[PDB]
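First, one chain by itself in structure tokens, the form solved without the ligand.
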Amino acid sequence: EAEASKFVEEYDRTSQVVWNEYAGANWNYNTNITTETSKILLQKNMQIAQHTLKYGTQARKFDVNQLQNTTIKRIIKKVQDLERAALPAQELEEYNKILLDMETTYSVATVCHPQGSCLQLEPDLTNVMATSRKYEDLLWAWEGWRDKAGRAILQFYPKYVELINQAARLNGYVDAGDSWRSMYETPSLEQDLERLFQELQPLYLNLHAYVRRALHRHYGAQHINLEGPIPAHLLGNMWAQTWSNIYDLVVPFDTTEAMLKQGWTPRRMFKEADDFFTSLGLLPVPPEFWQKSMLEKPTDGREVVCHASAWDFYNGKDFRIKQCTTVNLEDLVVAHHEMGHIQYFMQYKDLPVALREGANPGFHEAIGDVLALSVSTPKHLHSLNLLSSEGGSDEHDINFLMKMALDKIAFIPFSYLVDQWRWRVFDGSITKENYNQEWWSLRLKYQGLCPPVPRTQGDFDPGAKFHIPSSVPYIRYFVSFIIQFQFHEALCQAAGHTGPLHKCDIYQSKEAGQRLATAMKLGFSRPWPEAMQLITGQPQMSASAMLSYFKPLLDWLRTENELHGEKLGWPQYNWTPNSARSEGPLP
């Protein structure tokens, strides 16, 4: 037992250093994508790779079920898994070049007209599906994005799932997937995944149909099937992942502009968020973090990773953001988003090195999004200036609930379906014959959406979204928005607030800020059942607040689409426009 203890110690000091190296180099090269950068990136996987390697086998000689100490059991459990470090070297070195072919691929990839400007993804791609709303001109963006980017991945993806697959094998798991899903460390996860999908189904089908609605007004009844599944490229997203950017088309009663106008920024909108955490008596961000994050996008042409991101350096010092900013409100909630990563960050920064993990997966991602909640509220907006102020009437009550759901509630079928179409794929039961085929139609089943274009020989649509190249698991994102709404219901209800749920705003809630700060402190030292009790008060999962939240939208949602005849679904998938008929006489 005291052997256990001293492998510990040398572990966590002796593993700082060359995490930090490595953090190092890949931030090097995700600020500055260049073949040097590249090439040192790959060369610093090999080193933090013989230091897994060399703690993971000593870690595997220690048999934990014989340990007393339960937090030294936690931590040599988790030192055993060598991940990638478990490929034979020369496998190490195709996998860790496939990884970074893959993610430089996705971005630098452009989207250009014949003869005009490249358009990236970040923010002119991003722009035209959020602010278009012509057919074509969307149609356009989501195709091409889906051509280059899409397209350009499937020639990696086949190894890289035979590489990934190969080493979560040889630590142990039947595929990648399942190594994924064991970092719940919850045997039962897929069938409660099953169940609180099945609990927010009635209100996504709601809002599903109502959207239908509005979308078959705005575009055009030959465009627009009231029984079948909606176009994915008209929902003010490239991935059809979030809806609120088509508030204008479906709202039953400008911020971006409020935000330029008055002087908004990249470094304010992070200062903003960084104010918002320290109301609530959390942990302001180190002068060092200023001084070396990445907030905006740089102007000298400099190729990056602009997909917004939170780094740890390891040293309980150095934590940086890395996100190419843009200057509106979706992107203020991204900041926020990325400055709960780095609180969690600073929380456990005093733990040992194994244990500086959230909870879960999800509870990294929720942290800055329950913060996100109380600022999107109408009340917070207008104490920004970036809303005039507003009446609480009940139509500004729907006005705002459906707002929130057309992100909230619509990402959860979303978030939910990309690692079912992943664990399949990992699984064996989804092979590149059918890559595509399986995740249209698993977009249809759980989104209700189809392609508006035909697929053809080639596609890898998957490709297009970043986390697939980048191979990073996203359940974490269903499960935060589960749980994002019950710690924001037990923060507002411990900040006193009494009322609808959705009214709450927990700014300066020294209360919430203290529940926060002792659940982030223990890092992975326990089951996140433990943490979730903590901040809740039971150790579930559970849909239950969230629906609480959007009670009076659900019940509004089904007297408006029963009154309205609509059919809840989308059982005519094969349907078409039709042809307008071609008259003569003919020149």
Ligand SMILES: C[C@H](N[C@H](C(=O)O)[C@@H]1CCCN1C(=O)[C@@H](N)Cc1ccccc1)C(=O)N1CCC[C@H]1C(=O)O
Given for the second form:
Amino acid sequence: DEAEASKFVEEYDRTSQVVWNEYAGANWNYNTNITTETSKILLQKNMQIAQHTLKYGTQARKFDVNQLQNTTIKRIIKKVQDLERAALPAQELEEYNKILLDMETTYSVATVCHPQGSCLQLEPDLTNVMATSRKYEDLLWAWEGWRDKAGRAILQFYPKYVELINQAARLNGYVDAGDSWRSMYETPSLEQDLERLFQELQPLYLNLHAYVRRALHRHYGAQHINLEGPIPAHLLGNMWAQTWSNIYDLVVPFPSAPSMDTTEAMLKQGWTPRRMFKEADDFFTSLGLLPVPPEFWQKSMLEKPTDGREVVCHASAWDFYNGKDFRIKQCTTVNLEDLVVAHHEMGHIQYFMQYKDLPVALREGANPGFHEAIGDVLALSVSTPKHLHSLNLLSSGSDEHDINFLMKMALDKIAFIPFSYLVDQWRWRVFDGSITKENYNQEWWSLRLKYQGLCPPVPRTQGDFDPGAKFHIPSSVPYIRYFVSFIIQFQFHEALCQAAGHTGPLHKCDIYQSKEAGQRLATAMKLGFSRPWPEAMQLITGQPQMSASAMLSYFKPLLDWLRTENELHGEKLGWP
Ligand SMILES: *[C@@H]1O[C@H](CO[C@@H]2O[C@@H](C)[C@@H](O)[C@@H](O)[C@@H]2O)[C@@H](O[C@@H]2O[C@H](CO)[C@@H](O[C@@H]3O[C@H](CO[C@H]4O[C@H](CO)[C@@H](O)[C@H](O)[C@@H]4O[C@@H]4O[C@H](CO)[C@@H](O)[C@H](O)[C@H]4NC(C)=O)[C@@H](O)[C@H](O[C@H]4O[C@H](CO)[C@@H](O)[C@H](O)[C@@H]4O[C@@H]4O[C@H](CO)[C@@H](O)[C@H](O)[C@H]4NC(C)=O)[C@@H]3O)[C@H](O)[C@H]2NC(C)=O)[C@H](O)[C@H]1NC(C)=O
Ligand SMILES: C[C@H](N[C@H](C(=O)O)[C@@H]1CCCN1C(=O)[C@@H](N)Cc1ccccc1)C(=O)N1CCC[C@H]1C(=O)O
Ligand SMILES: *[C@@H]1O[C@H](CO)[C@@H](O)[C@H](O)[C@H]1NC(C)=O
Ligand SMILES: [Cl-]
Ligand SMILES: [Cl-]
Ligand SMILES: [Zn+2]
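Okay, that one was the form solved without the ligand. Can I see the form deposited with the ligand bound too?
The complete assembly is shown below, putting the previous chain first.
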């Protein structure tokens, strides 16, 4: 009956709200007051939600959904039939939840110590080392040490995790966990579409890579940089070499056009975590988008707590499933990177608020990439010299300043493309059994080489598990969403710049206060997961494909500059 599928999704919706709230409830209380008290309540909440998932998922499975007339109801029920981990038998479920928890915990408490000297955590201590050291051996120490202590300690967990995550996926009708993850895009052509997009950004990436390598050669010495080879992975200013803007100082196109210390000026002006998020909120509301509610301000955690209570520090945005309570937890450092991340997280919150009246099953982004993209869009405008100046973080003109800013943007946006691409290429092949525990690491480095053109500064040996040194691997968060985000964020920016009436070069656009730009975003965000994502894309951009052409157009002046510069020096693009 049509009416009985209707009643079912109504009940699911009512009961999911309550149960999901309680779990987000408990999970929050844990994350922002790790104790074994909150940790014991979290465990009990895990079983509660698994038990509701099972109850509802079993019932949803009894609907012959072909026969379902209403498309929203068909779509909700189809999703409820996926139990996720709740599909597992009781034993396996217990052990998977515990694997996830032990992996996350291992990663987040791992420290690197000098022999009778200090122990360094990943944030801020090792992150700052990677960002600011210019000494090969000091970078290597932090780079190797992090892998020694985080990645190797993940390895004892990973095989069992893969086994249980694949098992849950097969139990929900997928072939393996990767297949389950890719199905979030509802795009049978996903893998080839992503490949084409990655191929489109190779000229820009290869030219960026070659110019950066020559600049490293100049700093680190001819004996340590091969001008036709991969770059050693510890020299890019970032623990994973996944963004390169901390070595802007070594690579500036035009040293003659100096620019302000963004970080120093924020500090210099006593920016706090709160001002950072307040500025993010202001940008959202300038677009006519929704302000975060008063509750957000009361309950969010915007900086490492100081009552000596212990917390999980990775920036994250939280929906509590009651249409009222949305939160961010981030141990905000006062710097440029973190201001972007504030925007990133605030984009998540905006989406939560835009779709909060849908059925919970439809409360997701049009695809995971759209969710990751929202904040970054706003942040592209934020990073303009024009905007940074309006916030009193830059002094201003020239072609030089322009090429300098593009370079700064490139070391964030372009460098991340291969990295964000390779992560799930690796995991997809682990999940499908192509990569086994005997070759996790070797296959990671194959992809690190093939896609990013990087090599490990020291030989890896059996027992290393470098992937486990990147948060999302032990936390089991899919990563392709970030490669998608990075492409479609420039298309969004181009479309909103167009809505806003900007003309001339795309990278000069700043959509601050554009109500036309807000309306495009709001309409798409309001859809949630109610319609195939090409419809949200078409709402924003007027067409329905993912496309690198906007990112290319944004970067085109930099492409020309890098070609001229690379050609002048005879660079050989790539790493034979
Ligand atoms: C197939 O089924 C789907 C699903 O049906 C729904 O779910 C199933 C399981 C059954 O329960 C159904 O009975 C139930 O209808 C059908 O899709 C639905 O179709 C109707 C319209 O035909 C849509 O109604 C719109 O709903 C929005 C918002 O909905 C929520 O939020 C409101 C405000 O917060 C609140 O008033 C509602 O009660 C509702 O509540 C939420 O419900 C979800 C669960 O569904 C729950 O999880 C939430 O927690 C809960 N929220 C709260 C607060 O508790 C509503 O805003 C719309 O109003 C406008 O639309 C009318 C039509 O044009 C218009 O006459 C009104 O004046 C009003 O106008 C607009 O108002 C705006 C803003 O103020 C204004 O700017 C505009 O100018 C104005 N527009 C005009 C005049 O053009 C509206 O009623 C449902 O959204 C929709 N559900 C979804 C998400 O798909 C589908 O129709 C069926 N298909 C077929 C083949 O028939
Ligand atoms: C810091 C940023 N943090 C993430 C993040 O915000 O995504 C955190 C951790 C990963 C999940 N996450 C969240 O906050 C989610 N609750 C977001 C979400 C998931 C599903 C549905 C809706 C919303 C991040 O890792 N980033 C940011 C860019 C690159 C990547 C990285 O650091 O490697
Ligand atoms: C932290 O946890 C303990 C045990 O759950 C609790 O009693 C205490 O109130 C919490 N502290 C804060 C500040 O939330
Ligand atoms: Cl690595
Ligand atoms: Cl994803
Ligand atoms: Zn995110």
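Only the largest set of C-alpha atoms that superpose within 1.5 Å between the two forms is called the rigid core. Residue numbers count along the first chain shown, from 1.
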| item | value |
| --- | --- |
| Comparing forms between the two forms after core superposition, the one residue of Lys271, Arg302, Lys510, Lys159 displaced by 2 Å or more at CA | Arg302 |
| Threshold 2 Å Cα movement between the two forms at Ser525, rigid core reference | no |
